[PDB]
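K.L.:
Since the structure of chain A is provided, determine the placement of chains B and C on it from the hints.
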Amino acid sequence: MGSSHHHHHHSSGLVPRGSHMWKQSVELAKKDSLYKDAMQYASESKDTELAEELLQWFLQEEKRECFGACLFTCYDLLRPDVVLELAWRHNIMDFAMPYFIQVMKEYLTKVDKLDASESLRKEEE
Amino acid sequence: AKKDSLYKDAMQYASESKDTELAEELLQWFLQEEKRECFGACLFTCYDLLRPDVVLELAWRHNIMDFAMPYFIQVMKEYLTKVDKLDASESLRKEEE
Amino acid sequence: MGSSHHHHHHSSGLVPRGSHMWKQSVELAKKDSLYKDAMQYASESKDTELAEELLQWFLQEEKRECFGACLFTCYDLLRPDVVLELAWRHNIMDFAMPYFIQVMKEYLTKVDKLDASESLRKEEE
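Chains as they are written, first to last, in the authors' numbering: chain A, 1500 to 1624; chain B, 1528 to 1624; chain C, 1500 to 1624.
Hints may be right or wrong, so weigh each one.
A few chain B residues that don't get close to chain A, going by computed Cβ distances all over 10 Å [what the hints assert, rightly or not]:
| hint | residue |
| --- | --- |
| 1 | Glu1605 |
| 2 | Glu1622 |
| 3 | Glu1623 |
Per the computed footprint, the stretches of chain C lying under chain B, defined by three or more beta-carbons under 8 Å from a beta-carbon of chain B, are [what the hints assert, rightly or not]:
| hint | segment |
| --- | --- |
| 4 | 1557 to 1563 |
| 5 | 1605 to 1618 |
Keep in mind that the hints were calculated from the coordinates and are not lab data. Idealized CB from N, CA, C, for every residue including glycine.
Next up, chain A with everything else stripped away, as it sits in the complex:
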């Protein structure tokens, strides 16, 4: 029922409860912090293209903000590739494990197609 679309540029729109995008602009309100709590509502959200651009900068700088963004990535599934480049960057790092999930459909499909023809051949003979 609720759809929220935010494109970037200049100017300032502040509506209380949740997200905060960057880029220079003088603003002040009241009460700070909340990076993890605000980091949770961005994963189990959506953001296909828009999402990604965020993590690069989180995985580009900081040491904890990379880790979190990593755990941030894993609980959304479909988003590797990029993760790897950023690891072959400056130093060593820790990968995950998005492979096994795929080993299923692999050897899975085959067997299906197999008995799929063995039958379509015993009905004509």
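P.N.:
Leaving out everything else, chains B and C in the frame of chain A:
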């Protein structure tokens, strides 16, 4: 043989034709030595659509290397066989009644 | 004066089976002794979790004892995952890719399944 410019022009007139093991094997020797000569050949291997191994070996030389990965095109396949197994069971079962 | 009686009986029970491989030299110039022997023969058992539990402590504080454990599941079929977490235990790892072989028939039954229909359709209408 003679000279060398002739070499660098060969491997290059063989990339257009391109074959199987003929176009494959040709590469390892284009990698046995020289610099960019190995590079230009590294392109050919992948052109064969499917050829690792020689991508791992020459990777353990000295400096950094490259890489690429397929996938996905496969992802949009099992989703098709799962739609056929259903429509071949719904009507096949709604008939035994 | 003298009598000799040699009675030789040989009954071979088709049961005893010993598999002996090889791999001692290579180019590394670093060998650590102890263990080994009874671990390469037990490798012919595997299966179930208890089988993988055998790669746990055999792939820990061991070197020339991990490869013998590597030349174990490759002889098998499919069983990765941990095969990687250990190479990230603290050091490096060598060889692998026991699935780059099946990477063929797939895309083939792939570019083939498309044409198997693209014709019967150009054939239809």
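K.L.:
Each hint should be assessed against the structure and marked as holding or not.
P.N.:
Hints versus structure:
Non-interface call for B/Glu1605 relative to chain A: violated, since the shortest CB-CB distance, roughly 5 Å, does not exceed 10 Å. Listed as outside the interface, B/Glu1622 is consistent with that label: its C-beta sits roughly 14 Å from the nearest C-beta of chain A, beyond the 10 Å cut-off. Separation of B/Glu1623 from chain A is adequate, the least Cβ-Cβ distance of about 16 Å exceeding the 10 Å criterion. As drawn, the segment 1557 to 1563 of chain C meets chain B at 0 residues by the rule of a beta-carbon pair under 8 Å; below three, the given contact is violated.
A stretch counts as covered by a chain when three or more of its residues have a beta carbon under 8 Å from one of that chain; for the segment 1605 to 1618 of chain C and chain B the count is 3, and the coverage holds.
The structure does not agree with the numbered hints 1 and 4 stated previously, though it agrees with the rest.
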